[PDB]
Amino acid sequence: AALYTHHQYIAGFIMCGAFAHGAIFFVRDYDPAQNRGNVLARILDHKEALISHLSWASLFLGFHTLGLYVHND
Amino acid sequence: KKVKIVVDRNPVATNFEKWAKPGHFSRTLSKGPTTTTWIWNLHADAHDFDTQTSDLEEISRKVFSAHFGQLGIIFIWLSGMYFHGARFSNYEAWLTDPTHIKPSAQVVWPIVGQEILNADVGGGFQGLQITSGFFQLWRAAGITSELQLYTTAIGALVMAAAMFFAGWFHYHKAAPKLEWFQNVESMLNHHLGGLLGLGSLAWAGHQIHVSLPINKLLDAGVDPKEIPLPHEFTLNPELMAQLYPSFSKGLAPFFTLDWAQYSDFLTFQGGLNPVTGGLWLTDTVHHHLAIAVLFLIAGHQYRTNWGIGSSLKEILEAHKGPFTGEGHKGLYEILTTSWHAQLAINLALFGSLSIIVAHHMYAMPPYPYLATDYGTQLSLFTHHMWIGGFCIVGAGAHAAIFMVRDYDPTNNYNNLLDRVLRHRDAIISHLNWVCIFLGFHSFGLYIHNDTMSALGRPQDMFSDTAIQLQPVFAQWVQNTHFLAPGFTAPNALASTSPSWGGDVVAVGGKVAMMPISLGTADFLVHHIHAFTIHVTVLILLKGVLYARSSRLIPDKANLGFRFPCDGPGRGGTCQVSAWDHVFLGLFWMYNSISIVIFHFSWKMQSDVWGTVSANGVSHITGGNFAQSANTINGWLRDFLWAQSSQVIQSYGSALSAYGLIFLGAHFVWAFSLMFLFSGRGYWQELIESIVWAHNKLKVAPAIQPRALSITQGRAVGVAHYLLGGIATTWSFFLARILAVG
Amino acid sequence: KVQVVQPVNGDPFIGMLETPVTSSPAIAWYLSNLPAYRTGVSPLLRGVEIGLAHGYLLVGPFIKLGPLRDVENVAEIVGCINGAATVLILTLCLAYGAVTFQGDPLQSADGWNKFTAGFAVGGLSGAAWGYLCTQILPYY
Amino acid sequence: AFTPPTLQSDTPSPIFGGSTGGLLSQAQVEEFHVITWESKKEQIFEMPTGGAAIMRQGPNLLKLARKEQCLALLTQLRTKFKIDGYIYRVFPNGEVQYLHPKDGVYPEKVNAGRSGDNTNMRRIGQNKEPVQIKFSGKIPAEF
Amino acid sequence: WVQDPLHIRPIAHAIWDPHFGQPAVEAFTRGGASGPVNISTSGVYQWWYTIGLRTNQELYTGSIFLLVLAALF
Amino acid sequence: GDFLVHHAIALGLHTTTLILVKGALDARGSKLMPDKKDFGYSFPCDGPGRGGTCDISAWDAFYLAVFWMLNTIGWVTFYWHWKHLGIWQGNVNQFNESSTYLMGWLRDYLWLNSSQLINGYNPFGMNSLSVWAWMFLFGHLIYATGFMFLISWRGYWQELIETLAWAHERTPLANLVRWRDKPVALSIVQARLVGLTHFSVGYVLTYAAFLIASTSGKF
Ligand code: CLA
Ligand code: CLA
Ligand code: CLA
Ligand code: CLA
Ligand code: CLA
Ligand code: CLA
Ligand SMILES: CC1=C(/C=C/C(C)=C/C=C/C(C)=C/C=C/C=C(C)/C=C/C=C(C)/C=C/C2=C(C)CCCC2(C)C)C(C)(C)CCC1
Ligand code: SF4
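In order, the protein sequence lines correspond to chains H, B, R, P, U and Y.
Just so we're on the same page, the authors' numbering is the position in the first sequence counted from 1, plus 369.
Just so we're on the same page, the authors' numbering is the position in the second sequence counted from 1, plus 10.
Counting with the authors' numbering, you get residues 295 to 397, 415 to 451 for the letters of the third sequence.
Just so we're on the same page, the authors' numbering is the position in the fourth sequence counted from 1, plus 187.
Just so we're on the same page, the authors' numbering is the position in the fifth sequence counted from 1, plus 77.
Just so we're on the same page, the authors' numbering is the position in the sixth sequence counted from 1, plus 515.
Don't read these hints as lab results, they were simulated from the structure.
The beta-carbon is built from N, C-alpha and C at its ideal position, and this holds for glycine as well.
Misleading hints may appear alongside valid ones.
[Said to hold, decoys possible] Cβ-Cβ distance ranges computed for the label pairs, FRET-style:
1) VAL216/P x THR333/R: 13 to 23 angstroms
2) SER623/B x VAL439/H: 18 to 28 angstroms
3) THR712/Y x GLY209/B: 55 to 65 angstroms
4) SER323/P x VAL439/H: 50 to 60 angstroms
5) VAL439/H x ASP517/Y: 54 to 64 angstroms
6) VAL216/P x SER702/Y: 16 to 26 angstroms
7) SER666/B x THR712/Y: 51 to 61 angstroms
8) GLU312/R x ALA328/B: 44 to 54 angstroms
9) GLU312/R x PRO192/P: 31 to 41 angstroms
[Said to hold, decoys possible] Below are the PhoX-like pairs computed for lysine-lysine, each with C-alpha atoms no more than 25 angstroms apart in a straight line:
10) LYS295/R x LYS330/B
11) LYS706/B x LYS697/Y
12) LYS416/H x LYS697/Y
13) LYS14/B x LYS72/B
14) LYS226/B x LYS11/B
15) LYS315/P x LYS325/P
16) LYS315/P x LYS697/Y
17) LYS14/B x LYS187/B
18) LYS226/B x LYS112/B
19) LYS31/B x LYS41/B
20) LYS697/Y x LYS708/B
21) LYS250/P x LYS697/Y
22) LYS706/B x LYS416/H
23) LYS12/B x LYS187/B
24) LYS295/R x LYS323/B
[Stated by the list, open to error] Counterexamples of contact, computed for chain B against chain H with all Cβ distances above 12 angstroms:
25) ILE84
26) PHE93
27) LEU206
28) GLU242
29) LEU696
30) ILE697
31) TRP702
32) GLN722
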């Protein structure tokens, strides 16, 4: 139990750090002129689709998992 | 000059045009909802009558009619209570055997298996077990029939209609002028004499003629269906004479000043009735007669349309001394022109009164068979404690509001308000030192106990087994109160409460009230109470004092009472307003009252409540408060883990609902954190992405979804936090006390 | 009519008022006659007096409440504890002096350095005299 | 041309009973501020440090700690009294600056002869990219 | 622990704390050690046992080698 | 029960990723702050204008996502621990029937397994599990402290500290000691960091104490 929980918490923190440093890359080291038309620019182009679909997936999962738990309860 | 009645005829026309158009009262709210913030501000500013009109006359009229509406709502509520007692309650069955039938007054329907909630309370009945103490109240009144509850409910409905009609009439047909409202001397004369005074006198008359013979016969022990109806006792002094012989002499002793002859129903006894566990109704009769006379005397002080009397202004202006400059000069003008000043005073005094009520009702149960009803005890105490705390925080909020809006420095020059505002840093500095010192010497004591217990050095921790901290002053006061009857209370036959000392009052095999001992744990919890109270008063007092200005933001009152911040400048000015001070004071009041009710619950379940086994009292928890309350682990294990066993194991029973709310409240509280840790910007950009998704499918609203304002985010967060916490404690208390006790 | 609360120095725009606690002649005399508020006296001697008072004051808590209070040998353990407390507060004084005085003759680099030395030899002395008072006092 | 007025040290102060929000140790080591105005009647006003003072007929002087307190007091005067005042900055060595009515004309009215400091002639997104200015000891909005 | 891997609680390090009472010193003497000790929940005993380390001299040799290696880095 | 818990895990991963991805992409500028890259990765806000811009920087997205990471890993470890605690005792039925509703989690897991942990020290003595009981309460204290920084914000504290500064500069026998650094309340972003650090440390310590004392106690 100790080893599993230890490595799981370590992994969670490291994932948060990976995303934090991706954000820092975008704020600091991202050059639109060099990265023009590549997959990085293209994924910045339609960010609203990504954010809205993450929002839908999370809303669905939360609504339904909570609803089933509450119904059973 | 000369107090009189002044009204305007038909000031307002009774139409429905303004209901069709929301937001009519406020100029800013008008011109359509461009964004949802309009929808929120429509409700947030509905009763803020100050921002709808600057005329104090119109503000006062709106307040008058709103009070009538509130009275109508309260009468609807009372009518509902009495009607449910009349129809869906086992009151008539509970009267015969009040010791074994569990009070109930709400049945549920069959619709989705919720029928299980119908408890097997008793009397051949099934329903939810009420804890509002209405059965004991009705028995103390002397009801003993379900027709009388129906009559009372219908009368309360008629009176609710009367209240609503009165509100409509006094806003739309005959509305008072402003100079009517400002007759504070006449209003005080009528609220001392007419309201409280004549009300107490009328209640004493009722008890003498209804509640006293009926309850005498019930306490002697009679099936209620044979007892004469109250009008029979009232109308002939023969029956009362057989019960209370002094009624054979009539009113002649009263007008002859031979009042001692009324000693058989105007007693001074104290203590509890051994058969019911409540105060003697003769004692309460005498109490109400006495205070009715005292209030009638009090209601003649102030001057009105005749020369005799004192003036509030003259009395206030004459109390000035060397340390205060002008003293109370200008207090009269800032009390009869600002409603928020009166609201602060009245809310503070009302919350303190509610808390006093809670105390005086657990210690000295005033209704028959109410001490033995442990659920009613706990519920009534906790309810009045929470109501008092909320009212006190409201007093703080409205003191701040008055300090922001209705305070002008022209009339408040070198008077008491000016003197206080002119040295606020000293007050706040010293109050913060007191909070620090109390926090250390209250919580660090618990932490020292915890550390010594975990280290295996119980000879070092503060406890009765080691370093003692004994409440010498509280114990001395308890002893002094015990020694009163016959010494300093020569005409009192027994102590006012069996909590000072003496014997154990037990009713129906259940303890009603036994002496409460104070030791080291009681010392520690009382200092915890002092610490929490002091931090709460610090927050609210600092908000009131620095409402206007601050060395950080001198023009704060220009930003209003309720504003989020003042930019990230000066290092950050988040939550600098008075409203945010109220927002934090709510959290601290919650903490304070929660610790108070935890202390009451554990102390009563460990040192008072229990069953008498013909050889000693066997308390519910067995006395573990005296030895386990000294440590935080003791509270987490011997009170919160241990006593939660009745709520988490409630599934499939009648208390199953308390098992759901206990969980459900845990949700709401946690949900509140969403609003308290987050900020508006994240939500605005998230909503921007959501709105793009809607735009792509032509379903965007024409009303802009806007994230909640900063102030509203904080308000929603605190509302949810308080709701979740209070509901958790309420369900836990109720399930615990309805499964044991 | 008795005006007890006035602004300090008669100037109402300084963050003080003179009050029957701040300016009453008894309190003013008592504080001015305290060793700290004596600019004229040599800083070493004022440190000596302060250390004497504070070292002697500081013994009692550990004597009556230390971990080894119930054992008879508590007096000497506590004398050691108070010597250590005075020593630590001494290095506090040195850090403060070496920080605040780097760019009342007490408020100077050499004035404080001597005052820190005077606090030493007097501070340990009260921790020593406190031990002797435990072994010599009749009443104790 | 314009000539800022001279700070007359011997000026009556408002009738004030003493406050706990007045000057502190910062006014003896750094610097403090002085505000001077001229009252057409002796009237009660609200001093930004809590409490109420009475301003006297004629010239009045009042010294505070922060500049912003002085400007808050001056805004109160301009709105509720229509009184125009002057804010000087006093150093503890004796030096005196003249602050708020810098050109005699208030900051909201064009004076024609003022310096256009810190006025970029580009929009808000026309600034440089942080990657281009990396390791420069500045921010994108000052190039 | 090598002899009885299933009936021995692996010891982490010794406890030296001058605040302990006598009962705590009694309660923390566990896996056969002479004084109070901590029981390891890191699973390093199993790892070192599996990879070939059997005696304490080998553990000490590894510690010395790794100390020198850290100095070299 | 495994179905329900795996979907809870899916909710956690998706919401944490939503916060992190949104803060990473919405970091060069939003509709609310079109020039956010001019301010850097971390900054407090953009004043109370335009409705209010609290927690607007990308650093605040990381801040808000750390809570969700903690919650999600807590769900994962709760699931693993209860599944295997049923496994190791041979009583698979307790989980398999009690894990389909939340009161089963609250009662048959948190409440039941906490009996030995909270009994580590008590008025009748202590055992080896006293250190874990103390650590349990210690983590509770740290987490509860972190709420102070998370809920209260710089503005009450600045005025309070400043009144304290008046008190210290102005009291006899203490005017002889002055601060070299002017005491100011923690900054906004710093306070968010402090509250988050307390939250995480308390979370980790509390769960570690519960896990070690609930597994080593029974086995
Ligand atoms: C290989 C791993 C790695 C590396 C090399 C870096 C490197 C860097 N990071 Mg980063 N980061 C990482 C992982 C990593 N990170 C992870 C896993 C996370 C998720 C938590 C983050 C989240 C993160 C953020 C949000 C930020 C950085 C920033 C930075 C830069 C400056 C760091 C700094 O400010 O120092 C300062 C170090 C500290 C202030 C330490 C704080 C104290 C810690 C967090 C808690 C202490 C409590 C303690 C453990 C309690 C004791 C326990 C006991 C009491 C029980 C730097 C280049 C900053 C940056 O780039 O600026 C734009 C920035 O803001 N990182
Ligand atoms: C128990 C606490 C709690 C709960 C329930 C939530 C729930 C949620 N969070 Mg949240 N969060 C929390 C704590 C919590 N959080 C904390 C402490 C933080 C740190 C500040 C965050 C930070 C955070 C961020 C940054 C984000 C979320 C998001 C979300 C949403 C994710 C979508 C979803 O799961 O849909 C499921 C929906 C629900 C579970 C809500 C339940 C539905 C209700 C109960 C039904 C209504 C019934 C009834 C009509 C209620 C009204 C009755 C009353 C008026 C009388 C969701 C609503 C994300 C989001 O915004 O989504 C897009 C988002 O990005 N959270
Ligand atoms: C049916 C009779 C009637 C009619 C037609 C009107 C009509 C009008 N009144 Mg009114 N009034 C009435 C009765 C009536 N009143 C009564 C009985 C009272 C005594 C309380 C008042 C007191 C009163 C005041 C103080 C004011 C008005 C005002 C007005 C005007 C606009 C304000 C308005 O009501 O907007 C819309 C109001 C509503 C759509 C309904 C109000 C919400 C109700 C009261 C909720 C009741 C509480 C309820 C229990 C909800 C709480 C809990 C809930 C969750 C269950 C409008 C022309 C205002 C005015 O003069 O113009 C500026 C004004 O301020 N009235
Ligand atoms: C004997 C005289 C008398 C009595 C009994 C009352 C009683 C009351 N007044 Mg009142 N008042 C009086 C004189 C009186 N007043 C005078 C002379 C003035 C002029 C200054 C005022 C001005 C005044 C104001 C401005 C307000 C009150 C309010 C109230 C109510 C307090 C709220 C409450 O819940 O209390 C306890 C509730 C009860 C005891 C229930 C009893 C209800 C009955 C029906 C009372 C009706 C008696 C009525 C005052 C007598 C004349 C009515 C008749 C003309 C039809 C209360 C019912 C407040 C209020 O609630 O607004 C309505 C309020 O805002 N009064
Ligand atoms: C006699 C008591 C009393 C009265 C008459 C007032 C009157 C007033 N208050 Mg006030 N207040 C009080 C007590 C009182 N307060 C108390 C006890 C507190 C402490 C909590 C406060 C704290 C307070 C604050 C902080 C503020 C006011 C404000 C106001 C003014 C506007 C109120 C408004 O319209 O908001 C609109 C009404 C609502 C938004 C209704 C929602 C209120 C909460 C969310 C309801 C809680 C839910 C409920 C318990 C049910 C929960 C169950 C759920 C599942 C449905 C108004 C004149 C505001 C002001 O600006 O003053 C000028 C202001 O900001 N009050
Ligand atoms: C468990 C969480 C927690 C804790 C420990 C505190 C603690 C404190 N709060 Mg706080 N608060 C909290 C939650 C918490 N709060 C939350 C969630 C909120 C949001 C509503 C607030 C909002 C709030 C406000 C608005 C205010 C406070 C204030 C205070 C301080 C009051 C002084 C005192 O209590 O005396 C003493 C301090 C303690 C008893 C803390 C425990 C320390 C132990 C017992 C002793 C210390 C010795 C230590 C163990 C040895 C050092 C070890 C070494 C390694 C360093 C205090 C430090 C008030 C303040 O600033 O001062 C008046 C203030 O006004 N709080
Ligand atoms: C079935 C199976 C298989 C397959 C598998 C697969 C298919 C896999 C995978 C995988 C995956 C799929 C993985 C992943 C993960 C991911 C992650 C983990 C993420 C991430 C990202 C990030 C973190 C980002 C960052 C950033 C930002 C944010 C910005 C920009 C850019 C950067 C990068 C900087 C096999 C046959 C082999 C085996 C058996 C089973
Ligand atoms: S974070 Fe919010 S409350 Fe704080 S300064 Fe910025 S806008 Fe104002």
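Could you work out which earlier hints the structure fails to respect and list their numbers in ascending sequence? 2, 5, 7, 8, 11, 12, 14, 16, 20, 29, 30 and 31
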